[PDB]
Amino acid sequence: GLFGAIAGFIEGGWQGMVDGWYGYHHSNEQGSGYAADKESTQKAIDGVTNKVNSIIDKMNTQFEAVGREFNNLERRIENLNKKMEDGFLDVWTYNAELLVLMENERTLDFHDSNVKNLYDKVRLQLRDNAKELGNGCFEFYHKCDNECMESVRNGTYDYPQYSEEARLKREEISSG
Amino acid sequence: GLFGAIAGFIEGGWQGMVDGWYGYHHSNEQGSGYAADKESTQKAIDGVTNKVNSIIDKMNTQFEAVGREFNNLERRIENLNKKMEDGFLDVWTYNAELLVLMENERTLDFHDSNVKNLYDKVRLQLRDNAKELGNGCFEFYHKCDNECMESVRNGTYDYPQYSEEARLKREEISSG
Amino acid sequence: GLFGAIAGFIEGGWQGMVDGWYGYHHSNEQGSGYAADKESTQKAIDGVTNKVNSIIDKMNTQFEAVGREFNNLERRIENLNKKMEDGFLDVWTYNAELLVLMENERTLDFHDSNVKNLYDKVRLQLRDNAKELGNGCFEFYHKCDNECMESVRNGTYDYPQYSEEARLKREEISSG
Amino acid sequence: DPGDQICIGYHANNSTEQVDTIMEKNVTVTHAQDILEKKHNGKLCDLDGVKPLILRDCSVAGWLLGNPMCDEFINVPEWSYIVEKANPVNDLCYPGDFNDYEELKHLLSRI
Amino acid sequence: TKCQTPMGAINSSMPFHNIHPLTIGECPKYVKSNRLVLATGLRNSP
Amino acid sequence: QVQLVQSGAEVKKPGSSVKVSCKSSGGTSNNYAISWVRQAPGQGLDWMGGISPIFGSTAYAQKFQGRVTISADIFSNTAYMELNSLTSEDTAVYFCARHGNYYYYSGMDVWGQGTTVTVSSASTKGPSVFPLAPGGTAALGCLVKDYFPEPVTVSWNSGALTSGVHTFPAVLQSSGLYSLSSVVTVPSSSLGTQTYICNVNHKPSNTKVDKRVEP
Amino acid sequence: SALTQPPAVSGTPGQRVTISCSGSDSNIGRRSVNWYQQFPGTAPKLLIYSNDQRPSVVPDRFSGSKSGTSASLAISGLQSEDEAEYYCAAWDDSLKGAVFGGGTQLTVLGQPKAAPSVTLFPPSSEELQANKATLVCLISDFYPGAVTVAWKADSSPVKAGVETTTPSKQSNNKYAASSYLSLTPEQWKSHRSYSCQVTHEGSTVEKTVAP
Ligand SMILES: *[C@@H]1O[C@H](CO)[C@@H](O)[C@H](O)[C@H]1NC(C)=O
Ligand SMILES: *[C@@H]1O[C@H](CO)[C@@H](O)[C@H](O)[C@H]1NC(C)=O
Ligand SMILES: *[C@@H]1O[C@H](CO)[C@@H](O)[C@H](O)[C@H]1NC(C)=O
Ligand SMILES: *[C@@H]1O[C@H](CO)[C@@H](O)[C@H](O)[C@H]1NC(C)=O
Ligand SMILES: *[C@@H]1O[C@H](CO)[C@@H](O)[C@H](O)[C@H]1NC(C)=O
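Order-wise, the sequence lines are chains A, W, H, X, Z, U and E. Under the deposited numbering, think of the first position of the first sequence as 1, with each following residue one higher. Under the deposited numbering, think of the first position of the second sequence as 1, with each following residue one higher. Under the deposited numbering, think of the first position of the third sequence as 1, with each following residue one higher. Residues 8 to 55, 55A, 56 to 83, 83A, 84 to 96, 96A, 97 to 115, numbered by the deposited numbering, are exactly what the fourth sequence covers, in order. Under the deposited numbering, think of the first position of the fifth sequence as 279, with each following residue one higher. Residues 1 to 52, 52A, 53 to 82, 82A to 82C, 83 to 100, 100A to 100D, 101 to 126, 133 to 213, numbered by the deposited numbering, are exactly what the sixth sequence covers, in order. Residues 2 to 9, 11 to 27, 27A to 27B, 28 to 95, 95A to 95B, 96 to 106, 106A, 107 to 208, numbered by the deposited numbering, are exactly what the seventh sequence covers, in order.
Keep in mind the hints are simulated off the structure, nothing from the lab. There may be inaccurate statements among the hints.
Output of the computed footprint for chain U on chain H, the stretches with three or more beta carbons under 8 Å from beta carbons of chain U [as the list claims (entries may be wrong)]:
no.	region
1	51-65
2	78-89
List of simulated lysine to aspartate or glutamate pairs, EDC-like, C-alpha gap at most 20 Å [claimed, not checked]:
no.	chain 1	residue 1	chain 2	residue 2
3	A	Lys131	H	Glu164
4	H	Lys58	A	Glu105
5	W	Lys169	A	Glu78
6	U	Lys143	U	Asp46
7	A	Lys83	H	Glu74
8	H	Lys82	W	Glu69
9	H	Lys83	A	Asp90
10	W	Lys82	A	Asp90
11	U	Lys143	E	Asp93
12	W	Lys43	H	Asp109
13	W	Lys82	W	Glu103
14	H	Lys131	W	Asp109
15	H	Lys131	H	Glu164
16	A	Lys83	X	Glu107
17	U	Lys23	H	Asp57
18	W	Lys38	W	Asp112
19	X	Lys109	A	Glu78
20	W	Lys51	W	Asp109
21	Z	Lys310	H	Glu64
22	U	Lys62	E	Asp93
23	E	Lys110	E	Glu83
24	A	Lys131	H	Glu74
25	E	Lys95A	U	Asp46
26	U	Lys23	U	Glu81
27	U	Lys23	U	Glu10
28	W	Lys169	A	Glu105
Okay, the calculated beta carbon distance ranges per label pair [claimed, not checked]:
no.	chain 1	residue 1	chain 2	residue 2	range
29	A	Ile173	X	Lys32	49 to 55 Å
30	W	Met59	H	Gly31	55 to 61 Å
31	A	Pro160	H	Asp128	21 to 27 Å
32	W	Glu139	A	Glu165	17 to 23 Å
33	X	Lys90	U	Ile195	54 to 60 Å
Every residue gets a Cβ at the ideal spot worked out from N, C-alpha and C, and that includes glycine.
Chain A extracted, bound-state conformation:
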């Protein structure tokens, strides 16, 4: 997809993530588990809901064919009537099929964008307090218990709190 996340650097989706479209899986001394990102999920639902409504609203006034009859010496106007009615039905068939293919393309890229932005939201909070593994996961250089994990998921991660613990660990590793 355009944003490189879904079936991209994140190899596949999670059957285990049932309560959000995008979210997290963590593992620490306390255990492991899934959690939805409810904010990005809700934003995306709102966008798709509006999209569906927009598409239907804009098609709300389109052409309505009406039966009209003509006698055997009104063939020219009969033919003009047929072409006119068919002409609008072709315009509107095109408008609907095309709009649906275009918006479908945009919806699937919108999801990819949302996953990418969630990953970056975590990446830019953690900075060098964790290692990027390249597969959508981060390995922390400090212990990160459940309240700490929740601070990452809710955008309140406190980098200064853990920066010295992480520095010591980064140095241990880099010193070999």
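Chain A is already provided as a structure; the job is to place chains W, H, X, Z, U and E with the ligands on it using the hints.
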């Protein structure tokens, strides 16, 4: 937005940045202040200017209703005329409303893309001579005076010039 | 472009890369050369092929003008016929010109997205086993022979295999 | 000492072909596809092997009533389409009118 | 020909043409445009 | 399942040009490379070049560079090969073949049926046909002499006699003309009863001859 | 050329047969090998690609390998339907083009010898009247598919006007040929006997006609 910058990792806009749509704020020993990125600003203005023109140009030949009259025993052709004129006015109303919603979506994401690309233009010049703070700002590991700041803003930052000063400072920090 | 790669952080294209739309150039003790990324190239070709087909398929049933004649006391219906035929030809002219400008915009950004995602595919395999130079290139901290380069290009790069060699070199550099 | 490198890049060539987008015009691209036919041969041809009826200086009325200037068309073979000039000179030689003429011409359009 | 217009015949596989609206046969679709070109390849800069 | 269908056999004079088509039916091939590969009589396969029309590549073998033009029409799903300045060295069967992907390195997995091109300075000429006159069973036939180009069709008794019929491949004379024979094996009892007529059709000269073959 | 293959290989039904392909650094050395199978008068079929990969429709008795600047196709368990021409192929980075080997003809051994049926027709009267004379020698149902043809004027060998076709495979998997003797009506009168001699695997079939 799709690119994750505006109201994303960069929390909000600057009322103080009046002479560009995108730009920089710096702080060093000499003082602090705003500066526009005039190149990305101009490129974006040019794009939006063209967009507006494109939209209007493509609507330049659209349907013009014309009064036509019919007597009391020409009701069928009167009705065909009414449906035909209304039919085009509905097609063109749809084309205009839809084009405007679609292009508006693209314009707001275009701005987000431009901010993201400006941030990355700085990030990829600085590399590890500065720390990414996660909020749209970089903290330099070397002193960066006004001419140095201007080299960042104009894409001529000279990484090798500062790399040793930055290495010493990065090591001081990493050594604790 | 929206994704910041083509004529962005990667300053220009390669006349030397003839067998792919996107790909790599490497240099190591064994020598240097170009190689296509055939997977991303093929995916993009498939997408553009479908795009062209989609555009043509959706225009497959559009309006066909037909000659109709009217006498000197049928000027009203003659004029209605002319407006009706012209009206559809204007709708369809608009649909074709607009669709082509919109899809052209999307095609050029699609290429930019593909280049960006290829760069990130390499970046996220290498992690800190190589230095990002900021110009689309990576400089390895370990020796990377032709089989190693091919593992990067085919997504099987083995980070753990080289991580200690790279750590030693990163430390040599960081120690000055 | 400088290390081995890999770079990511993309195709360029000497194309000067250009396309337009919504935000940009005359964008030079590596490859493009023209989709609009602008040429024709300037002639009236057989349609899939069947010759048209070309009335020359005769109108449909002149043909069907048999204006004697229209003797080329005394019997005409099967046709694919009919070609009539805007104002044929051989029409109703003895002046008058042809009732429901346009409706007849419409019928002829399916024969 | 397989496609005839009042100005001349068309021999083409293009999806569109701009010769004349009133055609007969197996024809491209008529539009008023003077140019329709789809991008396939990449931006090509000097 | 895509099939590639090529245009029909060609008979060309020296110095002329031939353009062969390859239509992808049952689906497009525009997202793949198609190559043209020829095979001279009794010889091996030889690459002429290829095209990958959405990708935007056309490639040519050095040995044919300048004499061959390869092209494609993405809208009719057809690829073409035009070879100019023909000599007898170009008499061959020409195949189009689609690669497994957009470029020419991958194995060619879908092939057209081939198009025979025969280059000769001979002029079109209809055959002179002679009878070949005849136990259990007997052998009688027709000699079909001095025609150009291939092919000739031979039937017996207006198509009514198909059994025991053996039409031999033509010999190509040093003159440049062909000759062939058709022989039918029949019961020798059925000889002073059933009549035997060969019908020889040579489309290129619009020749059609019947020839009665008697004991 | 560029790639070099043996012109011929043979085996019996169920035998293992191998076909080699020699190249150079600019092709097999640095690029992947494809192999094709071709039956007479029909288009080639892809058998192996990327050195050793097999299309799903190709039986697993076919395998390929590559070492150095050489490649090999192996057919385990030879079947009669494998009699065909085989070509190796690769891209060549010096020629910047695709190259092929010269082809290997695989023969499946064990098919029974079959001697040639001969029929010899003398010049027709019609043709003599047109001042030409043609002797028509029709050879059929032989195997293996290779004969040689000698013409006899009385008992002397003719050294002119003999034109003989290549052998062609009949529907019954045996072969046919034909040979033509062209003579002036005077040469046809000038002798008392003409004879077509067809030799097939040492043994000679003969027919004769008299004016
Ligand atoms: C975010 O998570 C932390 C858990 O450590 C909690 O203390 C805090 O209340 C949460 N804040 C918000 C804004 O939800
Ligand atoms: C960029 O900025 C530096 C200021 O350090 C200046 O010397 C240089 O002239 C500027 N270059 C361009 C291309 O504007
Ligand atoms: C990727 O490259 C390596 C070369 O080191 C090779 O061993 C491996 O077979 C390749 N794998 C794939 C899946 O193409
Ligand atoms: C384009 O032209 C240049 C000369 O300016 C040449 O070096 C290059 O090979 C050409 N590019 C291609 C792809 O032919
Ligand atoms: C695009 O190029 C054409 C010349 O081919 C020129 O007439 C036109 O002005 C150009 N458009 C723009 C906006 O540069």
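Quick rundown of the hints versus the structure:
Residue count for the region 51-65 of chain H with a Cβ under 8 Å from a Cβ of chain U: 3. That meets the three needed, and the coverage hint holds. With 0 residues bearing a CB less than 8 Å from a CB of chain U, the region 78-89 of chain H misses the requirement of three and the coverage assertion fails. A C-alpha spacing of about 16 Å is found between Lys131/A and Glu164/H, which places the hinted pair at or below 20 Å, so the restraint holds. Between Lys58/H and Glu105/A the alpha-carbon distance is near 16 Å, which keeps this suggested pair within the 20 Å criterion.
Simply put, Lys169/W and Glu78/A have alpha-carbon atoms about 87 Å apart, too far for the 20 Å limit, and the pair is violated. For the suggested pair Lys143/U and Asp46/U, the alpha carbons sit about 34 Å apart, so the restraint of at most 20 Å is broken. Simply put, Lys83/A and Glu74/H have alpha-carbon atoms about 19 Å apart, close enough for the 20 Å limit, and the pair holds. A threshold of 20 Å between alpha carbons decides the hint, and for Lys82/H with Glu69/W the separation of about 16 Å falls inside it, so the pair holds.
The straight-line distance between the Cα atoms of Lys83/H and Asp90/A is roughly 18 Å, inside the 20 Å bound, and the hint therefore holds. Pair hint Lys82/W plus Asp90/A holds up; C-alpha atoms about 19 Å apart against a cutoff of 20 Å. Distance restraint check for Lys143/U and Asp93/E: the Cα-Cα separation of roughly 50 Å exceeds the 20 Å cut-off, and the hinted pair is therefore not satisfied. Distance restraint check for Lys43/W and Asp109/H: the Cα-Cα separation of roughly 16 Å lies within the 20 Å cut-off, and the hinted pair is therefore satisfied.
Proximity of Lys82/W to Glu103/W is assessed by CA-CA distance (about 32 Å); at most 20 Å being required, the pair is judged violated. For the suggested pair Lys131/H and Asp109/W, the alpha carbons sit about 31 Å apart, so the restraint of at most 20 Å is broken. Taking the CA atoms of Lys131/H and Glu164/H, the gap is near 15 Å; set against the 20 Å cutoff, the hint holds. Only pairs whose Cα atoms come within 20 Å are accepted, and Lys83/A paired with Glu107/X is accepted, the gap being roughly 17 Å.
Taking the CA atoms of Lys23/U and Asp57/H, the gap is near 19 Å; set against the 20 Å cutoff, the hint holds. Restraint check for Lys38/W and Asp112/W: satisfied, since their Cα atoms lie roughly 16 Å apart, inside the 20 Å limit. The straight-line distance between the Cα atoms of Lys109/X and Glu78/A is roughly 14 Å, inside the 20 Å bound, and the hint therefore holds. Of the pairs offered as hints, the one joining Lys51/W and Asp109/W holds, with about 14 Å between alpha carbons and a cut-off of 20 Å not exceeded.
Distance restraint check for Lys310/Z and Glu64/H: the Cα-Cα separation of roughly 13 Å lies within the 20 Å cut-off, and the hinted pair is therefore satisfied. For the suggested pair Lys62/U and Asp93/E, the alpha carbons sit about 15 Å apart, so the restraint of at most 20 Å is met. With a C-alpha separation of about 17 Å, the suggested pairing of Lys110/E with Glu83/E holds against the 20 Å cut-off. Taken as a hint, the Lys131/A and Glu74/H pair is broken in the structure, with Cα atoms around 81 Å apart against an allowance of 20 Å.
Of the supplied pair hints, the one linking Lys95A/E and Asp46/U holds, its CA atoms being roughly 14 Å apart against a limit of 20 Å. For the given pair, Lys23/U sits about 15 Å from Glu81/U by alpha-carbon distance, which is consistent with the 20 Å threshold. At most 20 Å may separate the alpha-carbon atoms for a hinted pair to count; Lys23/U and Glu10/U meet this at roughly 17 Å. The straight-line distance between the Cα atoms of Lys169/W and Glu105/A is roughly 48 Å, outside the 20 Å bound, and the hint therefore fails.
A C-beta distance of roughly 54 Å is found between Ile173/A and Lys32/X, which places it inside the suggested range of 49 to 55 Å. Taking the beta carbon of each, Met59/W and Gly31/H are about 57 Å apart, inside 55 to 61 Å as hinted. Range check, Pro160/A to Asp128/H: about 23 Å between beta-carbon atoms, so the 21 to 27 Å window is met. At about 20 Å, the CB distance of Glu139/W to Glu165/A agrees with the hint of 17 to 23 Å.
About 57 Å separates the C-beta atoms of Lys90/X and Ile195/U, a value consistent with the hinted range of 54 to 60 Å.
Checked against the numbered hints given earlier, this structure breaks hints 2, 5, 6, 11, 13, 14, 24 and 28; the rest are met.
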